[PDB]
Structures are given as C-alpha cells and as structure tokens.
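Engineer: All chains should be modelled from the sequences, with the hints used to inform the complete structure.
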Amino acid sequence: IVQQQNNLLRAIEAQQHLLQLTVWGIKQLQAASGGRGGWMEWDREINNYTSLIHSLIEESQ
Amino acid sequence: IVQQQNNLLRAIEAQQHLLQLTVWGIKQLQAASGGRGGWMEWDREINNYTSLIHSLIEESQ
Amino acid sequence: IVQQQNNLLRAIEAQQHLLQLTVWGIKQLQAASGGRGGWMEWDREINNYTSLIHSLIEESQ
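Chains as they are written, first to last, in our numbering: chain Y, 704 to 764; chain U, 704 to 764; chain E, 704 to 764.
Any given hint might turn out to be false.
Since the list gives no way to pick one copy over another, a pair counts as held whenever it fits inside one copy or between any two copies.
Stated by the list, open to error - 20 Å max Cα-Cα, derived SDA-like pairs, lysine to any residue:
hint, residue 1, residue 2
1, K730, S754
2, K730, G740
3, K730, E748
4, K730, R747
5, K730, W745
6, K730, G741
7, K730, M743
8, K730, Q719
9, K730, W742
Simulated from the structure, these hints should not be mistaken for laboratory data.
Structural biologist: What follows is the structure, given as structure tokens:
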C-alpha cells in the first residue's frame, strides 16, 4: 500500500508539470494577441491552486 | 494510510480546478477567433471526462 | 484501502485524458497562427511527462 501511494503521488507530480506546461502555452497565446491585463484574476486563481497543490505534495512527502 | 489517501484526493481535487481553469482559458482564446461550433465534440469529450472525474471524487469521499 | 487506491488511480487516468484534450486544443490554436516550429521543445517536454505518467499508470496497475 505504501509503495502504491508513492506511485500515485509521483503521477500527480508529473501531471502537475503537464498542467504548468499547458498554462505556459496558454499564456504565450494570450500574449501574442496583446497585453494580459484582463487575465490577472485567471492568473491569481491559477497561482493559488498551484500553491495548494504544492502544499499537498509537500505534505504527502 | 487513510490520512495519506485523503491528501492525494485533495491534490486531485485541486488539480481538477486547475484543469478547468485551463479549459476556460482555451475556450476564451477560441471564442476570440470566432464561433466555437467546430469545438462541440472537444467540448463533449471534456464534459464527459469531467463527469467521470466528478463521480470518482464523489465515490472517493 | 485497496479499493480506494484503485479509485484514485482511475481519477488520475481520467485527468490525464483531460490534460491531453487541453494539449490538443492548445496545439490547434497554435497551428491556426502559423507553423509550430517554435513549440518543438514544449512538445518534447509534454511528450516526456506524458511518457512518465504512462509508466506510472502502468506500474500502478
């Protein structure tokens, strides 16, 4: 069970890397059209959930 | 083990919020270029997987 | 505990499908603006993390 929980945590960590890659990609597309001022709340929400996930990953370890 | 499974579920729940934020962001970029009629299947697939995840999160709880 | 670990793995598998749908969506938006040559590293990183996740999902099973 312990070994399996470590595997699941590893999957979650890798999916978080993928999530951040998609966020970065979306930001570049947004920047290509103009200033990103209108996405400041979207950015804040993303930053907040990322902080939450970081805390959970740290705690799981 | 129980406490750890709760933590993993919490991480998955937060990553789901992040996923929905990226979906919303992509939809706004799509809408900026024109009607989203061509993304109706993509929307259906996303809605379906989100339903699946919601069920699993509900079951895990 | 075993039943619960299976549920978490299922959630991770469904979220991976969602991640791939967002990646595909981003690629179409990128392609709409021109060639995707500048995203070859982004593609490589995404492909690599996806490979990692596939391995972890296979191992978890």
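Engineer: All the hints need checking, so say for each whether the structure fits it.
Structural biologist: Hint by hint, here is what the structure shows:
1. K730 / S754: Intra 18 Å, inter 24 Å, cutoff 20 Å: intra-copy only.
2. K730 / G740: both (11 Å within a copy, 18 Å between copies)
3. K730 / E748: both (14 Å within a copy, 17 Å between copies)
4. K730 / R747: Classified as both; 13 Å inside a copy, 18 Å across copies.
5. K730 / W745: both (10 Å within a copy, 13 Å between copies)
6. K730 / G741: both (12 Å within a copy, 15 Å between copies)
7. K730 / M743: both (11 Å within a copy, 17 Å between copies)
8. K730 / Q719: Both: 16 Å inside a chain and 19 Å across chains, each within 20 Å.
9. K730 / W742: Both: 9 Å inside a copy, 13 Å across copies.
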